[PDB]
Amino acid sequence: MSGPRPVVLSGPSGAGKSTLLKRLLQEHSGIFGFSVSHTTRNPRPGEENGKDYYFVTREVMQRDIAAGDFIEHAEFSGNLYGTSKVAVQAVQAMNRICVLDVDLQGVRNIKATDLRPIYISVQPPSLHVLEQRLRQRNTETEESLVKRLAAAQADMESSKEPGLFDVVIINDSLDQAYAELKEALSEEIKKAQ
């Protein structure tokens, strides 16, 4: 619909997509806006309601799902996540480029919509490096960690699927990965300016 072409980032959680989006929204806040997803998982230290996520209960999400409030939703490692219609509309109303981060299920969901995004996957240099990065903040139970590593492996395997992602970025250095994110969006950034 109306507004510039949206941007969908995916890849394993913890491998860089969220940090890179945060950096992009700091540097180019006049050009981009972030879609604030709903989730039923608990907040981590430093996360902010209405900025990182809308943190709601399952009961509340289910009411909103039943009302048709969501573009897409997914179950991931025991919790529910989703992109509300209003989250994307808020950015489009600002005439900004909407940026989203979602899992592989979300990528497939959005492929079936009319949003016509560019799709960028952000990969860790290895599963081993991802696991080390995750165990630093150590926000997950062991059961969740197991589900998350399984999902990360599936994600990496699918990143090379023909036609799925427009660009696949390997995040060995955040400065380098961030340059490559802007590279993929350079025409859109120039036009917005």
Contents of the next structure:
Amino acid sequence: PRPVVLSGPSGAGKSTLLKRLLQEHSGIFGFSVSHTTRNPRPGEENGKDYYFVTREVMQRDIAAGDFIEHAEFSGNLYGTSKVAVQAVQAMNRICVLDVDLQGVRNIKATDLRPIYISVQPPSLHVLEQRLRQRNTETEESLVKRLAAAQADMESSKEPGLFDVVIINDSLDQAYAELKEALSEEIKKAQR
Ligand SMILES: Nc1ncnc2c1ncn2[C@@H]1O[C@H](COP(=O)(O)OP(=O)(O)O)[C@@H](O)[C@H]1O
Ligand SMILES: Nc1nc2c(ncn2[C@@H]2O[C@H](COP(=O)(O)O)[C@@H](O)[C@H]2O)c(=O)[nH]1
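Please supply the coordinates for the form solved in complex with adenosine-5'-diphosphate, as a counterpart to the form solved without adenosine-5'-diphosphate shown previously.
Next comes the full complex, this chain leading.
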């Protein structure tokens, strides 16, 4: 069962869409718990949304070869450990990845063989509106996520990087498209 890489610009709505997928289809989808050095937001939980560690612990894991991939985004480090992917594969479920555009390029070089799905905002205007709506970032880190949005939206339209592109306008509309886009993986996971 091919893993699923969900990417796109920060604030498009991919975490929101993914939580709706993991809640409805918990028996077939498993979430890859990434490591991150950023502070946890209210509502997040260590070992579930992220492995929240300090930069020192993060760098030590890198020196120990713990990560399939890692990258820096808006002044913080993020990584997909080998453990995160094997933990889902040891549950016989579809490993779903939430990574940035640099994470897509890293995973592209691996043997994971995933299906790559871009989640796009309806426009750059709605993207900025969603980045500020979440309200979980300081003003300097908010602008840094805005700076990377343009190049992330462009690359989100390239077929060399993605197999599916979904416009997250309405949540109900985007969610049905994602499920339909994952029909072949849901089929393989259930058989
Ligand atoms: N289809 C949508 N319509 C309106 N708001 C949305 C939609 N999808 C997500 N949002 C809002 O955008 C904000 C950021 O979404 P999030 O899932 O964190 O995006 P990402 O995971 O891509 O960074 C959240 O507050 C969420 O409520
Ligand atoms: N390369 C990479 N990016 C990640 C990983 N985990 C989260 N990200 C990305 O880092 C950015 C920051 O997300 P947030 O800080 O809102 O959780 C998002 O683009 C998210 O997809 C990861 O393990 N690897």
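Positions refer to the first chain, counted from 1. Only residues modelled in both forms are compared. In this text, the rigid core denotes the largest set of C-alpha atoms whose superposition between the two forms falls within 1.5 Å.
When the two forms are fitted on their rigid core, the residues between the two forms that move as a run of three or more, each C-alpha shifted by 2 Å or more, fall solely in 190-193.
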